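Spelled out from the first residue to the last, the chains are:
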Amino acid sequence: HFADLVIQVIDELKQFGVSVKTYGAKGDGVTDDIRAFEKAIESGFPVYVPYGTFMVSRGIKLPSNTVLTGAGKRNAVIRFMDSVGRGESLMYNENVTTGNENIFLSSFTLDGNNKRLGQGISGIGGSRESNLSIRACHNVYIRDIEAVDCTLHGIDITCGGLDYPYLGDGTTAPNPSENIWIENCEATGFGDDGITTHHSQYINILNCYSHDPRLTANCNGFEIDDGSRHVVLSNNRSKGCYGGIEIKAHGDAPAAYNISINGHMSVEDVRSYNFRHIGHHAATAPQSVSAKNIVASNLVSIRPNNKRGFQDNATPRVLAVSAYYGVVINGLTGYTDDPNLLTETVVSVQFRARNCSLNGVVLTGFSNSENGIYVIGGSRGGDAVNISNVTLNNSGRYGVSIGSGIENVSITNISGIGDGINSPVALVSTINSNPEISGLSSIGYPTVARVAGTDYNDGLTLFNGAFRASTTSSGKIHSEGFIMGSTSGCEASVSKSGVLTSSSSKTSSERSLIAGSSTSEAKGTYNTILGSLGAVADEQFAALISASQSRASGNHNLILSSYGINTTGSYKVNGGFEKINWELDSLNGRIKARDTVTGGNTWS
Amino acid sequence: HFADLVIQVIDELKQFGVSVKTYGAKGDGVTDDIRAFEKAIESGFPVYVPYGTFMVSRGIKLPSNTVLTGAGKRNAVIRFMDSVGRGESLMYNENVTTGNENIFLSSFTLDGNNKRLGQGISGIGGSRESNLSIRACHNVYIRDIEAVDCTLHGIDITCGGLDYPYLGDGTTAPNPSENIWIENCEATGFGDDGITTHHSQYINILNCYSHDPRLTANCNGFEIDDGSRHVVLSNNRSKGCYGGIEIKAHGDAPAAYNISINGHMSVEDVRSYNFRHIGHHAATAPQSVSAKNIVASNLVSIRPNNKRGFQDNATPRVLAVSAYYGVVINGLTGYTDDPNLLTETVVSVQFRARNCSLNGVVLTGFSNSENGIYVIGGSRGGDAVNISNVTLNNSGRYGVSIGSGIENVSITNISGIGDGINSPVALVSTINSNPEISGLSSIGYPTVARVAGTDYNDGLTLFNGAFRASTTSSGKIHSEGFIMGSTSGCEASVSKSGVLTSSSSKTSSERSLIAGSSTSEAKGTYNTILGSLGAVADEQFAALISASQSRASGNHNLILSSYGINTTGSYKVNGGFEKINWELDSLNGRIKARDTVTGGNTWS
Amino acid sequence: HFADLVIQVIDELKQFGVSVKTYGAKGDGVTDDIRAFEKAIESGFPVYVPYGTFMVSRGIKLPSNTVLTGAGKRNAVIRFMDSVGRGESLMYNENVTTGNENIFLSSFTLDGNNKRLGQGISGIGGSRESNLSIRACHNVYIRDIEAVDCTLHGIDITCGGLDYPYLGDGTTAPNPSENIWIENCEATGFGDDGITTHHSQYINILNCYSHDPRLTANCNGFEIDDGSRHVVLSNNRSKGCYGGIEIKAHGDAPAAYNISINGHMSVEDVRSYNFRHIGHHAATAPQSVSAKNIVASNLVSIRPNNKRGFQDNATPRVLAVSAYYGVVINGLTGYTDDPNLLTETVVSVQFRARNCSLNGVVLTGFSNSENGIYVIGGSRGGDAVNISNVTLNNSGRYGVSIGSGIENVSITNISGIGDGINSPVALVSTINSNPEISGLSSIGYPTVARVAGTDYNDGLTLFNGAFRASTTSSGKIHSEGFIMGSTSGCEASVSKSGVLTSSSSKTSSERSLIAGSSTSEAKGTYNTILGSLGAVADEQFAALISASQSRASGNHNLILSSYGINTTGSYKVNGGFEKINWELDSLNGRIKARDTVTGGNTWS
Ligand code: NA
Ligand code: NA
Ligand code: NA
Ligand code: NA
Ligand code: NA
Ligand code: NA
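Protein chains in written order, with the deposited numbering: chain A, 88 to 691; chain A', 88 to 691; chain A'', 88 to 691. A prime marks a further copy of an entry chain.
In short, the hints are calculated from the structure, not lab data.
Heads up, some of the hints might be wrong.
One copy or two, either will do: identical chains are not told apart, so a pair holds if it fits within one copy or between any two.
[To be verified] Subject to a maximum C-alpha distance of 25 angstroms in a straight line, what follows is the list of computed DMTMM-like cross-link-like pairs (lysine to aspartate or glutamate): (1) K126 to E188; (2) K666 to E181; (3) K326 to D424; (4) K113 to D98; (5) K563 to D545; (6) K666 to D299; (7) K563 to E181; (8) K148 to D169; (9) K101 to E129; (10) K394 to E431; (11) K202 to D256; (12) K563 to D542; (13) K666 to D682; (14) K101 to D399; (15) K126 to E99; (16) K610 to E129; (17) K394 to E265.
Input sequences plus hints: build the corresponding full structure.
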């Protein structure tokens with residue numbers, strides 16, 4: 088009775104706000120405390136949850152402008168009673184359809200008591216039965232919450248409605264959640280995903296730990312799902328899930344877009360980083376209009392495996408990209424100490440993934456996998472895959488393998504050690520004949536580069552398109568042409584034409600070369616102009632060597648050592664000075680001089 | 088009276104430190120609590136602020152070695168009374184000029200009650216009237232503070248003095264703040280900037296949210312301003328400001344330098360990332376000596392726009408760099424769903440920005456903008472701009488546009504889709520004739536690359552300087568020269584000289600080519616040496632083909648199919664074996680054999 | 088007595104858990120409170136430490152499932168008494184050998200009272216005498232702990248046992264700690280390292296500050312040491328230590344592996360980022376089998392110096408890599424305002440470091456250092472060093488210097504300003520003759536590139552291996568060969584062979600060139616084929632120009648302007664049409680026509 092009076096004084100002090108115990112909460116692990124929570128929450132004061140295990144017979148419903156703070160994880164614990172039926176998340180905002188505003192949740196454990204339902208049980212339908220569900224809310228801060236024994240998800244951010252909407256690709260669901268911060272939270276023992284987002288935007292997930300789902304379906308640590316956009320994940324860890332971070336959508340929904348991963352650590356997940364859009368992977372169906380923009384950096388993947396048998400024994404991956412446009416990966420380290428856990432492909436880019444770049448990758452220990460990096464395309468216009476600055480330490484019988492449908496690949500600065508690999512084949516392999524490649528270095532791979540069946544073991548540099556080097560300006564260069572070592576005014580405008588070491592010299596001659604020349608022009612076919620000034624070759628097989636101010640216009644007509652002559656004869660070699668002075672006539676077997684032809688000569 | 092005694096016992100327990108209520112604070116939203124705060128703060132104990140709205144009639148002044156902790160944002164709230172005049176920040180350190188030490192502020196709302204002044208009002212002068220001002224302090228930790236309705240800034244870190252110092256570029260202001268940590272803070276409804284730094288160093292800003300200024304001037308989410316240096320920003324979000332993160336200085340001050348952005352999300356700002364130095368942009372004034380070193384990664388920009396009319400309707404940008412030297416951008420995603428919000432340039436590098444690199448960029452949705460990336464230079468020595476691994480999804484009529492004053496550009500692995508763009512022009516365009524380019528891929532752009540007026544639609548690779556390929560060592564190669572497919576000892580030392588497929592062969596001959604040769608040398612002009620051994624061409628237009636141990640020293644003198652001859656005749660083709668044996672004399676029209684000249688021959 | 092009763096009511100309320108004061112703690116800076124701590128900790132309740140300085144005469148031992156929370160740093164302070172002897176860390180888990188589970192520590196200062204021992208004193212042996220030692224524990228969360236005046240380390244995570252195990256390289260010590268989170272902690276005035284890990288895995292270190300060791304040995308801010316693996320460090324700061332972040336091992340231990348640095352700021356450390364494996368640096372001893380996989384991004388280094396004389400006056404570094412395989416650095420900014428602090432090398436990659444990549448580097452102010460970036464190798468197979476997108480502002484007499492033992496280097500997009508440097512030499516220098524280089528830009532360096540003694544000041548592009556440009560497919564190209572500007576079916580299969588501007592043309596001729604041709608083949612040596620169709624040159628020095636369906640099989644035998652002839656003569660020029668029709672015989676000095684040889688000709 089005296090104690091009651093002292094407590095009344097303490098309560099009135101409101102040192103933390105109002106304690107739930109002030110409204111009758113026992114926190115004794117037995118008594119139903121729901122009414123105390125509802126009373127405290129409806130009072131308008133910030134609510135404090137002190138030490139205890141606070142049992143509730145139904146979900147805790149949160150109105151707008153709620154502050155709910157506990158004494159800390161495994162200190163303040165909130166828990167469903169054994170007798171609770173189906174349908175409710177443990178904690179969720181009051182207005183399920185159009186949402187609430189300004190909800191600040193901190194420092195307690197949510198224990199969903201899934202075990203009360205027996206084993207192997209997940210959510211009854213849609214977004215129902217997570218530990219924490221936030222639906223259509225603006226301005227929600229979720230901090231230092233531990234979510235355990237969850238029926239559906241640990242923490243779910245979604246749009247209005249108990250069900251998830253399936254409106255088709257290219258849509259935006261009404262009533263998104265917006266401005267959400269999830270920090271220093273933990274999710275484990277969940278039936279679907281640890282921390283997940285749907286149909287919501289402007290979300291930061293920082294320093295959280297999601298691990299060990301109860302089930303072996305599509306059970307992910309962090310699941311950026313249907314309708315998500317404008318999300319940052321940073322410095323989180325996942326462990327022992329299917330996907331570490333999954334970014335996706337189901338088929339009848341828009342894929343998450345514009346997602347940033349600013350560092351992550353994945354420990355013994357199946358597919359550490361798994362980006363996909365279900366239903367938008369086949370070549371015979373349209374591209375996803377939603378699956379776009381993922382920038383992911385400083386990614387760690389450790390011992391990816393499928394010991395638990397997730398997803399019908401799906402094969403492990405450090406990284407798997409499918410469906411998405413515009414995925415940029417920078418700074419990826421994959422490490423394993425057990426060669427038998429992942430034996431197919433370490434990193435895959437396939438199934439309509441397009442315009443993807445990988446830079447700064449180290450893959451170590453995958454000595455019984457078939458491929459380190461494996462890429463497949465669809466011969467799509469404007470597509471590209473860039474792979475640079477990759478080092479492989481006993482990872483992949485094929486280090487970097489490029490398959491069919493890839494027309495635009497850049498592969499630069501790849502190195503590999505294959506001495507510890509079970510039956511290595513090639514550091515780099517391509518199906519397509521025209522990859523761009525440079526900077527390959529290897530030891531212990533029998534072949535370094537296999538390009539469309541041809542092996543290169545002593546280094547290679549391959550570039551595509553019109554080529555120009557050591558020339559500061561030029562006119563047009565054909566894609567099967569080149570200009571090198573020249574000054575201004577040159578052009579090599581047709582297939583198989585080129586200019587070397589020249590000035591103001593142009594070729595429009597299919598199968599031709601101009602070298603060492605000035606103000607010269609080739610415009611027939613099979614033309615050669617060498618060491619000449621003001622030379623023109625304008626007929627098939629016409630040529631000039633060491634000639635000035637001369638034009639060879641004959642079929643197979645070659646001019647040598649001449650100035651100021653124009654020749655038109657077929658199969659003739661000519662020379663002269665201001666006029667034709669000799670001829671070797673291959674056609675008729677005649678030799679002609681303007682002056683004399685003589686034997687018995689000396690040169691003294 | 089009994090309650091008073093119970094409270095005395097509670098107070099004496101000091102469970103949090105000392106409560107301000109112990110010193111007479113009411114926290115009732117009405118009573119002036121300033122004396123209680125001052126008494127508690129001067130006591131030497133850590134101070135606790137429990138639930139309440141604590142009104143104050145003047146600024147709360149903080150001495151050295153202060154710990155001030157509240158019950159949490161929107162729980163413990165500190166607020167200026169309606170009657171407060173002008174001149175004071177709500178909370179600031181005691182020693183305004185030489186500063187204080189060891190101040191730890193946590194878990195409360197600061198409400199500046201700017202509305203008491205009417206609307207449209209900002210700070211009265213210098214650093215006066217922010218919610219929180221830290222001046223010349225060392226070791227300050229600011230955590231979980233919400234700053235609302237601010238007259239000047241939300242949170243300001245500055246040097247000693249109420250005014251900001253304007254000492255000119257290249258200076259360091261006395262009495263900096265140093266070792267500051269700002270974490271999980273929010274700033275909104277401010278008159279200038281949300282969270283800002285001036286003239287201070289060693290600062291980490293982490294996981295903060297700054298949004299919605301009251302005014303439409305230079306009102307930024309995060310403003311790294313005048314005199315700042317050695318600052319890290321990471322995992323913050325800005326929304327609805329002018330600049331998301333601005334890094335700059337005014338004209339009469341040194342620019343912030345050595346600044347790191349380790350991830351950021353910008354939502355509906357005008358210029359998400361805005362780096363500049365006012366007064367140091369013109370070509371006719373000197374470069375900033377202070378604007379240097381920005382490394383920014385994992386940057387997100389969403390729907391940049393100027394609907395609010397900030398800064399006289401400044402045009403929106405995902406990124407704008409001006410004035411700065413040494414800006415490195417890696418991993419940038421810009422996304423919009425409204426083509427009409429930003430119609431000028433998505434990313435700009437101009438106005439004395441120099442030595443800037445962009446890698447790993449995805450820009451999506453900017454289908455009515457003129458330029459995706461736009462770069463302008465000043466023909467500065469040692470300057471460079473590197474653009475690599477960029478993909479554009481309906482963003483920019485010109486995808487990557489390089490303007491005047493750029494002598495050194497590297498543009499690699501750019502891809503674009505232009506089918507959804509309003510009147511697309513070219514994926515890549517340059518004014519300068521000598522960009523370095525490779526790895527372009529596009530669909531829906533009428534032109535792929537336009538290089539100084541010339542179009543390339545079928546791929547291109549352009550490199551600058553002396554060129555060498557498939558040759559492990561060589562002597563000198565001129566910048567208008569090349570050596571390919573050769574072994575050691577070759578050189579191509581003058582303009583328009585080159586060596587192919589040779590060994591120990593050298594040319595110093597302007598307009599020349601040596602191919603398929605050994606120990607050969609060209610040293611005249613217009614020289615050709617092919618398939619030869621020990622061949623020398625040392626006069627204008629001299630040449631040798633299929634010759635051994637021979638020297639052509641005549642003007643337009645060609646040697647064919649020979650061994651061991653030296654010729655000097657003008658306009659002569661010669662052949663021989665240990666001595667000259669025939670001549671075709673183009674000059675005089677003579678044909679000469681040492682032995683016989685005959686007709687009627689057969690070859691059997 | 089009444090106060091005692093009120094307190095009993097308060098205690099029973101358990102608002103924070105149980106206060107240590109409930110078990111008799113005074114927290115008066117004098118009374119020994121150890122028994123109160125032990126009693127509170129053994130009770131099974133979460134333990135709260137309120138305001139006070141809580142003295143203890145022996146270490147606080149932590150059992151499994153402990154929650155220990157204070158009122159905050161410099162609020163709740165825990166401190167060794169002056170009389171405490173040697174051997175114990177201030178706070179550590181109970182089971183030193185096989186460890187404990189689920190320990191959550193938050194919000195207090197640990198004061199090790201090292202000063203009680205006099206000055207210059209460090210730990211008595213192994214892991215003994217840190218402020219906080221965690222040995223063989225799973226699931227430990229360490230948050231907002233300030234560790235001061237530490238005898239050994241501030242915070243140490245290690246395997247079971249008081250000693251550290253020295254089991255040799257390539258081992259894994261029993262009983263690791265696992266799943267550790269260290270956040271918002273501070274360590275200073277320590278004898279060895281601030282925050283350190285040994286023989287443990289799955290660790291995140293976030294937003295911590297480690298600075299100012301008492302001693303000048305190997306005293307690091309963050310020390311990822313012997314046996315560590317799978318660690319992320321992000322957004323920490325180090326100041327005034329030897330290493331900012333050190334990743335290493337001692338000689339008789341395995342190096343830390345698979346470590347990620349997701350942003351860091353190093354202030355006035357000696358070697359900001361220092362990666363090494365003691366005993367595994369010499370060329371005459373084996374490579375580390377453990378030192379692998381470091382990905383480090385967004386790294387800041389400020390004024391590195393050795394004013395304090397750490398480590399026998401070790402020379403300062405922004406970055407030093409030795410021993411490690413697979414180090415990826417992206418986004419590094421080094422800045423100094425004092426040229427005299429670091430005068431040797433800014434960034435070094437040496438001493439068995441291999442397969443390292445640096446991208447996006449800005450180094451500013453190091454105007455009296457010998458080298459900006461300095462790299463040395465060991466001629467190791469599969470090795471590579473990639474340096475790209477680097478800008479230097481008055482940093483390094485040699486900007487990028489590559490030394491001996493490097494066979495595989497890629498150096499791209501390097502720029503430098505050297506006008507402010509004391510006696511600059513070259514932007515780029517290499518010892519090896521075959522670096523791959525492009526995109527160099529400089530001002531104020533007397534030489535731009537010095538490649539094995541040869542200077543290049545006007546730009547250079549150098550590539551290695553078989554070369555191909557403007558050709559979409561080909562057969563084999565030798566590493567001393569090339570194909571350019573050609574269509575399918577070509578090959579240049581031997582040393583010094585090449586094909587230009589041709590179709591279906593092949594050379595296996597050492598020292599050869601085919602240009603402007605179709606279906607042609609060179610298979611002797613010193614062969615030239617130009618502007619020809621169906622041409623074969625199959626003898627030494629054989630050649631064809633403007634020839635169709637012809638074969639030159641003679642020694643030094645040239646065919647000109649011909650169709651359908653096969654020649655075999657030595658030192659002969661021939662022409663013909665379906666049969667040989669003329670010959671110039673260099674061997675014997677004969678001129679032969681099938682028909683007539685005549686003088687007195689005109690061409691009209
Ligand atoms: Na899932
Ligand atoms: Na899902
Ligand atoms: Na501003
Ligand atoms: Na400002
Ligand atoms: Na150490
Ligand atoms: Na150590």
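Hints, one by one, checked against the model:
no.: 1; hint: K126 to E188; result: within (19 angstroms within a copy, 37 angstroms between copies)
no.: 2; hint: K666 to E181; result: neither (103 angstroms within a copy, 101 angstroms between copies)
no.: 3; hint: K326 to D424; result: within (16 angstroms within a copy, 35 angstroms between copies)
no.: 4; hint: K113 to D98; result: both (15 angstroms within a copy, 15 angstroms between copies)
no.: 5; hint: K563 to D545; result: between (33 angstroms within a copy, 12 angstroms between copies)
no.: 6; hint: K666 to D299; result: neither (93 angstroms within a copy, 86 angstroms between copies)
no.: 7; hint: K563 to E181; result: neither (68 angstroms within a copy, 71 angstroms between copies)
no.: 8; hint: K148 to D169; result: within (19 angstroms within a copy, 36 angstroms between copies)
no.: 9; hint: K101 to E129; result: both (16 angstroms within a copy, 24 angstroms between copies)
no.: 10; hint: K394 to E431; result: within (15 angstroms within a copy, 51 angstroms between copies)
no.: 11; hint: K202 to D256; result: neither (36 angstroms within a copy, 45 angstroms between copies)
no.: 12; hint: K563 to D542; result: between (33 angstroms within a copy, 8 angstroms between copies)
no.: 13; hint: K666 to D682; result: both (12 angstroms within a copy, 24 angstroms between copies)
no.: 14; hint: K101 to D399; result: neither (54 angstroms within a copy, 49 angstroms between copies)
no.: 15; hint: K126 to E99; result: both (16 angstroms within a copy, 23 angstroms between copies)
no.: 16; hint: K610 to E129; result: neither (90 angstroms within a copy, 94 angstroms between copies)
no.: 17; hint: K394 to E265; result: between (37 angstroms within a copy, 20 angstroms between copies)
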